[PDB]
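Single chain ahead, written as structure tokens, the form deposited in one PDB entry.
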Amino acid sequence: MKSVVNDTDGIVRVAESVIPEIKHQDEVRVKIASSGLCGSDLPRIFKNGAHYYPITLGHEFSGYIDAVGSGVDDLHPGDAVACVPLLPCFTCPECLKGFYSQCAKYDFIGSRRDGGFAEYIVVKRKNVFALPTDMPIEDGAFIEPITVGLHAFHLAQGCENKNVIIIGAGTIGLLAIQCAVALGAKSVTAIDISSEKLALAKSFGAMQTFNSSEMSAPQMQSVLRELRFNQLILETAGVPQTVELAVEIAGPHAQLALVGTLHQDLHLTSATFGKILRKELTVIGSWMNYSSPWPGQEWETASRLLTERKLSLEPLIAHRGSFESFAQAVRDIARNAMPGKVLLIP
């Protein structure tokens, strides 16, 4: 079978291996139909940021059950699934509290073990999420990234009647705009460095957009005056300039949800830090996308919103291709910005 294998210093190749066998009663084998590249994969590919090399990535995928272990009774060959890539231990104090992403013994498909840029993969039953039979299988690759946004909204106790601000218009951020609209946000505003993913964001329902390469924080705050109350800001870009921007533009008692991981240090001026105090902001760390009961309401909500057509996935996709095509598309990214969702279609 074919897979995409990444090696040290940004080398990407397509490799041939034997199909993995089911080795435990609670495992399943999935034949992968659609597998997306995450923003968080780019440092793994191009900045030696993976836990090991060589490695096969991919934690955003869907497929059909190919076989099941003898202990699996609720899934059958042919069933459509999405991958639930985190595997907590379920027995540490954190896990028994429902803090699965604070488990100090978890596995992660496409990060801590090999993942979904392959024709087949064997994973635990708890690592797959059943899809509605009428849902197009390709759509299932977006479930995991949808739940990223939904988890942050969950931590903030909802976005209903809130003025939400999404910073970053990558796939995660564009999905968060669509979810915010569908979950009854009073308004949605999008902010990003380049100018018309912002047009795309307006088509998804953002009532206004700020190009941060052309507006300063004060200019943005001035426009936001009428909407300065009951704010929920999601920082999805994961660069220190946007974290700083969120604090600067925030209105009184705004909730600020951090979902983007930084790969450079954050220097905040004394003044900016002071605004966290003076505005009495609530800064909410957000990690992964899970809650009890496993894998969490986020996952059922993601599937539900898709089926009732509240979400729009096609405009997000910058590329579909099989292995050679997808590999070169990944190579073409270089250390540049993500064009849109790059999908592997085996």
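Residue numbers count along the first chain shown, from 1. Each form is matched to the other, and the largest set of C-alpha atoms that superpose within 1.5 Å is called the rigid core. What changes on going to the form deposited in another entry:
Complement to the form deposited in one PDB entry: the form deposited in another entry:
Below you will find a single chain and nothing else.
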């Protein structure tokens, strides 16, 4: 079979390998239909940053059960599934309480072990999530990214009837925008430096957009006046300036979910820090995309939205293609910005 492997840095080869076999009673083999590229893979490929090389990445994928171990009885050949890439231990105090993303002894498909840029993959049963027969299998590769946004909403106790503000119009942000609309947010506002990403977000249901290269935080807070109550702000860009921005625009008692990891230090003036207190913000750190019971309601809601077609995936997809097409397109972007979602369709 084929697979995409990248080595000490840059080089993305397309490889031939022995079909992987089931080696534990709790494993299943998946035949992969759709597998997408993540923002987090770019560093692993083009800035070192991967746990080892050569490696096979890919943790956003769907497909069909091809075989199951002697111990799995609730799955069967033909069953549609999406990959659940994190594997917590399930038995430590964090896991018992449902804090799987704070488990210290973890594996992760496509990072700590090879992933789904491949024709077949063997994973633990725990690492697949059954999908309805009625969901287009290809959209299955979007479930893990969608759950990023839903997990933040879950932590905030839901986006319903709230004035949600999404900061960052990348795939995560844009998926969050569509979910907020589908789940009955009172309003959805999108904030980004690109007027193009913003128009896109507007086409997804954001009733208004703020271009943060043109509009001031005050300017924004001014526009936000009528919707300053019950805010749920999602910071998805992961840069000091947008974390700072979220705090400065925040309405009274706004919830602030951080899903974006920083790679530069955060410098909050005493004034900005003061606004966290003065406004009585609740800042919610969000990690990964899971809850109890495993893998979490986030995965059911995501699956449901996808099956009842409330989401619009095409404008998010930059590339469809098999192993060479995908490899090349991955090489094309390099250390630059990701156009949109790059899908591997074997």
